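Just the one chain here, the form deposited in one PDB entry, laid out as structure tokens.
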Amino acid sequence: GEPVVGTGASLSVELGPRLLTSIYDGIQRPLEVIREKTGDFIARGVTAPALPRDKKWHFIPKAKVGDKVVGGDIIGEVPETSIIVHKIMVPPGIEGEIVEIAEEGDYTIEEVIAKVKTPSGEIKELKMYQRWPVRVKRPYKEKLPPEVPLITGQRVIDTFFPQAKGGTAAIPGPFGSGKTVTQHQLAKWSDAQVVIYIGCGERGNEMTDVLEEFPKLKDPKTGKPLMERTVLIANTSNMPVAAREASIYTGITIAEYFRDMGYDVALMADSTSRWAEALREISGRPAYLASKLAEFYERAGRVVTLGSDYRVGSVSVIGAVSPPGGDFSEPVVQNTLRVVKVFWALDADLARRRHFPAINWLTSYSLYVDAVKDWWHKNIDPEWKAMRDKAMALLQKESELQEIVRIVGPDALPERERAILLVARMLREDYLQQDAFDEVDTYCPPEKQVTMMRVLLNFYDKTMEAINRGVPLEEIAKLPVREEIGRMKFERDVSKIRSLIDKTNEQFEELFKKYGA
């Protein structure tokens, strides 16, 4: 219900209390499964609102009459779930003095909780909510360069293929896939305060997957339901093409809304083996979509937000990649990999071998290693990057030894080359592999990740020295500290884990003894 100029009608989203816990379609209608048809234009439809009008939200003022405010200043707070304090912000574009502000009380979002007098003297009435055109990226002061990692708790990601806050990552396959769980681990454990999940597609016709068993789903950081810090955006198959395409703009706009408050948010865009009909045209001009995609992904970022006070937020984006053929030379994957800075190569050969997080350490990548190393170094461990590089070099080396051995067998391999396989094997089993279903190992804090890495690297250093001093590998393979090393991931007390470093040294020292110089 508006004019023509460029891209369709108004085309907007409402941003305020009860986005959280809400399950929406691709254009922000509350959830019963429904339909919008279009092109680059607009829609018809039915009567459901977005944020509810009836609901009365407690509003705490955070400014007084006489305050100068700009686009994005926080004028009040609303507890909205037991996890998220919602921040009421002067919408972008508006600045002035506060002439009127509501009082500690309970109000429905339709109320006016403030009036601002702009410099030319116009009076603006501010609601608890605000409207925003999904296709326009919400403004901000500055986009900071990648530098703070999105800690995921999952060893292989955090060590070898870090995501940066405000970074962009891709991962195979549909999220609903039962072959792996890192997708869930990512959603549930990343230190983003707010999760915006765009759950594309669905299976069968009984109707009840991600819909039912999710208001029940527990948030392990707080014991409160994960819904209490999530916004769900449903893409069903019986929904219409245009609503699905709009859904990710809807999601990212909502995400930008939460970063604007000073929150870190993660946005997960699911995806399915489905042919988008680009190759329907013949004469009238394409790869123009590749750039629509790009433009999407570069709406991600950690930013200085609008406001008077210095404030930072981020939108890190994780996107599912599911080529029509399960191919992976399909344009969908090329197109994504040309934009994203991080690929987590989920791998069916790993899953079959029950190597879990089935993330291939050889074909994955992160362009954020350098950008985050300083954070690790300054906060957790000065040796961080050196250590990841050394482990990566050992896994790389193992790869080559494996190749060669496929051909000529293991029988001719020298002790030093066996030692390398022994230790790379520890590295694969004691570090890479993580048990997502263990109550301790489901999450691995930075401090524990680096200690564990020290223990393995120290073991490796000692192993090589031992071999070089003539100690049989078989005597190293049996070293009793190995059994402890293979269990360290289940240990909660980081300093007990650390103590394995002296245990190793001692056990190796005994071994040097036994084999006089």
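For clarity, a rigid core is taken as the largest C-alpha set superposing within 1.5 Å between two forms. Numbering follows the first chain given and starts at 1. First, how it differs from the form deposited in another entry.
- Just a single entry of 474, 40, 483, 54 exceeds or equals a 2 Å CA shift between the two forms, which is 40 (rigid core superposed).
- Core-superposed comparison between the two forms: the Cα of residue 204 travels 2 Å or more.
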Second form
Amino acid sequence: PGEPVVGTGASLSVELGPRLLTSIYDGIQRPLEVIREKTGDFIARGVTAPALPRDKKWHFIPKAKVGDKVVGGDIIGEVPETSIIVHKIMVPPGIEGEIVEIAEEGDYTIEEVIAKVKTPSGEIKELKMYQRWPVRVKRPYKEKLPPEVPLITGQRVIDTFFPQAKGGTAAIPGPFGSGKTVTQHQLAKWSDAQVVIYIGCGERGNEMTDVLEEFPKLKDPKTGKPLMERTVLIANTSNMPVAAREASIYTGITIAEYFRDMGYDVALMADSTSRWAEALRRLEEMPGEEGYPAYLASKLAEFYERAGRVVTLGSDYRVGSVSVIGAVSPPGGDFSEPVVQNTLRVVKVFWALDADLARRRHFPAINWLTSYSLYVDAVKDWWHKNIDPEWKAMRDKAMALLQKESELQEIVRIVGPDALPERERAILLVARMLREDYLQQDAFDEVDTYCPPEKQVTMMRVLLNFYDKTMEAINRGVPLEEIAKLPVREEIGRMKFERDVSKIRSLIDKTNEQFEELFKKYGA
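Can you now output the form deposited in another entry? The one shown was the form deposited in one PDB entry.
One chain, no partners, no other molecules: that is all that follows.
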């Protein structure tokens, strides 16, 4: 402990090595609960509790030989840490030279020196299975890559209309423990990140008890194994010092960056509740290294600035990412106050969970008019090249229809529906199908809980093709009443529950031909 200094010092750090996975920590990486700390533009203090166990024995597979040149981030061994995650043992940033000594394959505790590096000036550096890093300094990397690859969530509304990029920043309302919603949990378990760092914060009541003995019971749907085996929990209970809680997102993101550095995609999910900043009191009369108006607003930007997909340190070309999903729960839930405005200025994605959607049981209750993603153009080429060349045209078309529907519903609120032309009735019919057959998704269903990219575009094609055929039929004298009761419509309403994508795809031809029947019946 201690060893303290001037600046932003006291050396506030985290340990990084086998046994971060499955751990539950507080805001400064102690293995359970309660001790009181005090924060400042200067230092902070603690006392007793060991982050990574020194007694446990880890299997070390060497990945480098005596005589190898190494740089920061180079991978010198592998440690099978859970049944899901292989831990990658890396040279700490700043250390380079020749490997003069390295442990043979065997079992070792984390304090055992598993390698030695002779630096260029001849200093001999001793390497263990873990390393320490100041939580307040971003771990370094070679290059931060532009947003490009979507974080695939398997949730249609998000992946299609409001995509998250790997390395992106997203915000979502309210506490993660809210029982009104389940997308928080869908995101945690289905996103294609190998590792999840979860800061179960804003915890009061059952929030720290049911989060305790369900996560070990929780299953990783991709592997049957427990979700905890690829997760690190960081607790922010109400009985914790406001300084360890503050520091928790920094400890979390440092641990995220650490798994990023191995070549992993990692998702960092940060919880939040009500009224953190009444402890505020431009205006800074007595300042130091904390010029405190909305200085915190600039510091939040800085945290979110640590998200990204990067070419990592190391001598191999290696990419990893940290994508950030932050909860936003305003003081009164009025979404005008600081917490929301300060977050919404930095994040590139907002998923507007909407109490009115939930109340009418439209699930995922994501408002498709107030949500937005600034990654749509960033990710489109990945969809075009890998999944479907018409991904972006199709989403834009479906969105235009959602927007037309919304304009039409306003007008109909004023004058009612009796004067609606067939064409506008047809737009309402197909928008309703989009809403019900595509946006709505069943998280509780064994099929519809996850929707693969290939299934998403096929379902979209079935719907947009039905749109085209509807408008061309209207355009040919076929009454809307006849289209509304086309037998294929009910198969379209059920396609989300079909796991065979070729059967979903067959609905295109089946739509086409049923419409032909109408075209000939009405001699149209």
